[PDB]
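Next up is one chain by itself, shown in structure tokens, the form deposited without this ligand.
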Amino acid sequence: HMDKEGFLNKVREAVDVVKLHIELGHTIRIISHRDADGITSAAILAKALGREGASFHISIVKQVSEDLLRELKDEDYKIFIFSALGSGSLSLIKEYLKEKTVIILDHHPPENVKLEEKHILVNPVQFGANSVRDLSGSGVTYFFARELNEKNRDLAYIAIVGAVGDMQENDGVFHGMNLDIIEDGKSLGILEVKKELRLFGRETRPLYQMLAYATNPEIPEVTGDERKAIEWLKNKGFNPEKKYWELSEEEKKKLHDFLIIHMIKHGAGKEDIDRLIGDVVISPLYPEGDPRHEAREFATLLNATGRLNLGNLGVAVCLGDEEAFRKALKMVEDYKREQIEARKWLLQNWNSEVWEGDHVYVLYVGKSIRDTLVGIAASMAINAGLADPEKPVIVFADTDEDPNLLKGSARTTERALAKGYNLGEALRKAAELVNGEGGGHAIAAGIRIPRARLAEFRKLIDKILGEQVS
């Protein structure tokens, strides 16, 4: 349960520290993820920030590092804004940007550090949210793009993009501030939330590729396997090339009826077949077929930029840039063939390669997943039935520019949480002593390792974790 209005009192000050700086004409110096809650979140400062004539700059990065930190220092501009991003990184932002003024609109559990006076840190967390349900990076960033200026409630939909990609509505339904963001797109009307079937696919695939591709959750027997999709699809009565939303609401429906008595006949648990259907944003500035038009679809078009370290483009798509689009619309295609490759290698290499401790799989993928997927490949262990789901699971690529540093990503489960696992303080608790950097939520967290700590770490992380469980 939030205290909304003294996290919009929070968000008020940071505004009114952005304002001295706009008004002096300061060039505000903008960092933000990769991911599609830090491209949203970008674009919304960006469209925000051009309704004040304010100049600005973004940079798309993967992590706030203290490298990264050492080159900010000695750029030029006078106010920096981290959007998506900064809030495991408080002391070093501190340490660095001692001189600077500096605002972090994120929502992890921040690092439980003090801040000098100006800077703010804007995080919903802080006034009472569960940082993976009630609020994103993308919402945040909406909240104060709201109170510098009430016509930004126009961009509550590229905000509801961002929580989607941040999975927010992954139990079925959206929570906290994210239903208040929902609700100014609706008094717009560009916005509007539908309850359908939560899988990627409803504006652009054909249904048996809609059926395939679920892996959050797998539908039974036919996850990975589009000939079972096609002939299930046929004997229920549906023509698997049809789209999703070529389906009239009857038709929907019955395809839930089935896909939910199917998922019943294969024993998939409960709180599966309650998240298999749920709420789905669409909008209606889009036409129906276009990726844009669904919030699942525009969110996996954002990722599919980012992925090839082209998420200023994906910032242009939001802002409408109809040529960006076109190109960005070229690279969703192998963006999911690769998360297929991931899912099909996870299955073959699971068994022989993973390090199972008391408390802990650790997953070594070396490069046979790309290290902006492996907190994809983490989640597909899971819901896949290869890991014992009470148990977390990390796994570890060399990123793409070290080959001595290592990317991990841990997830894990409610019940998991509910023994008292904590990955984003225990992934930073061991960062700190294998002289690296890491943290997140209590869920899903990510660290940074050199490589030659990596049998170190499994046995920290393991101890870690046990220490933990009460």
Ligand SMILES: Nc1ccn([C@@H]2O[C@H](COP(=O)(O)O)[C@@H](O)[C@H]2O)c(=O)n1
The other form holds:
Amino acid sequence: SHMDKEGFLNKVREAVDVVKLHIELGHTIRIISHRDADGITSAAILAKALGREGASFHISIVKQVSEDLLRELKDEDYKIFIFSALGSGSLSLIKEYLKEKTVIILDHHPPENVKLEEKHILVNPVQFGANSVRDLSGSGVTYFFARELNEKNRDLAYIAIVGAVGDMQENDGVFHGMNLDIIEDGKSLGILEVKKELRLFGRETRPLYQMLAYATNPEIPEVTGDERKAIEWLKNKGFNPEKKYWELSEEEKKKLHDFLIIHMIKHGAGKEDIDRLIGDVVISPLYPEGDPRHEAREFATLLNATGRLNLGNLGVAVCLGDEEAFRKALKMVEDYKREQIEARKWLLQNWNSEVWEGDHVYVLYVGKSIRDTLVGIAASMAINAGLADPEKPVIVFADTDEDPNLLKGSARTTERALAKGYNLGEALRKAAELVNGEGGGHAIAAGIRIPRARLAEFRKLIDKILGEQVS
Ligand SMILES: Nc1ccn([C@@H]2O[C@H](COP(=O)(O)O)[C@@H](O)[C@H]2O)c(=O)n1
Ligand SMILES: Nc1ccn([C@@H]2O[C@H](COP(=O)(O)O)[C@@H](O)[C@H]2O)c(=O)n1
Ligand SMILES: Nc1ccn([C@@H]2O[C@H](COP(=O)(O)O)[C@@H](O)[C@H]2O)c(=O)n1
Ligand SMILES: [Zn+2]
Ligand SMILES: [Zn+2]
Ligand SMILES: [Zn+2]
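Having seen the form deposited without this ligand, please provide the structure of the form solved in complex with this ligand.
Let's see the whole complex now, leading with the same chain.
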């Protein structure tokens, strides 16, 4: 990939001009944002930026831009809608249901290849050469929107990076694309620092043995999922296992890094996993050490915890400095992490007996054993736990809140699988059109909803469609 950065920024400036037309008239800005760290930070960036202009706004945090959602937004009397961190795969639907409204899409998903009307403006870095999961996230698009609207919005650079980390834009251990420009803005203001550190959840709030035991991206062999063994390993290497990572000296951190790298090599971990163990970690002196907001991944996890309970609006308030919202959000992270480890335990126990393996895909139907909103994490964990061939994409389906006749599915894969030609977003979109469902997303990570009774048909279909992508 390679971004035309100034061309993208000129498109951003075009959207800023449109939103200013509505601010002048006192129009309330309707905001629809994705239910994850990327979308929650996106909405907070818009809330702070519009607040600086004295404009009013109304935020909803949602899972997807569905035809049903757009039917609802069609009847709302707002004059302008901003979709942030989602929507680029729903341009035809937005064109239909919001035809007589002004729409701004601040997003980084692979855009639907259709023509938009004059009052609908897509602001998407992928259209200017970006890799959708690496060069900029939804919070990043929203950040540059806010920055062009008012230069004072550069103080949102850390919140923007929180969304990027939540979206795993530094999944290979380093930041890329225009995320590096946001980082430079934040450094100039002194509100963020980039450290070369252990890229695991728990730098601020977890004891070291839980930082190691929670590691699923990448896993630490023999230690992941076993706090007792994590304690034994840490003590044997000379570390107080109850200490938090932020309490280690820089000398002690580097010693831990060496021990972990040697451990992964001795247990045969792959080069890709070793390379993303140590890398860019973003902290912020705006918050105290030991506070999850002090580090981007802990902050993103805190926001994801509010989204999981359908309290994304509380996550927005956390980003905006509401300390009472922060105290509530702290109480949601423990159940969030515990359920992920339980999902991994179920996968290890049931993968061999339940998974359907085609020529180009694994399809796992977990029934009700894993929450519908966790099937994506589960698919990724099947790869990281070594259950799945890294070159074969994994799709996990579960029963879902949304509909008793529906299955919610998530697809995940690796960069080496993408090198073979697979594109999960495109494959799921095309398969959904044939089994009376709905799907799409990134090449490396995508979602789909299908009727439960069409699962067997879907498995054969998606295997064939993925195979046709193999060049
Ligand atoms: N392999 C993986 C994949 C996801 N996760 C968790 O899932 C969260 C969000 O995952 P998605 O980006 O797939 O929605 C991450 O921030 C992390 O807490 C994990 O712990 N291990
Ligand atoms: N119909 C769909 C379903 C999911 N997606 C995208 O696919 C990605 C992964 O989906 P899940 O998080 O639902 O597994 C998300 O970025 C989501 O916005 C999409 O663009 N169109
Ligand atoms: N290298 C990467 C980068 C992102 N991802 C996934 O891509 C998705 C991006 O989230 P959105 O669809 O919400 O933008 C997340 O599920 C994230 O875990 C990945 O699976 N591998
Ligand atoms: Zn260039
Ligand atoms: Zn998102
Ligand atoms: Zn995103």
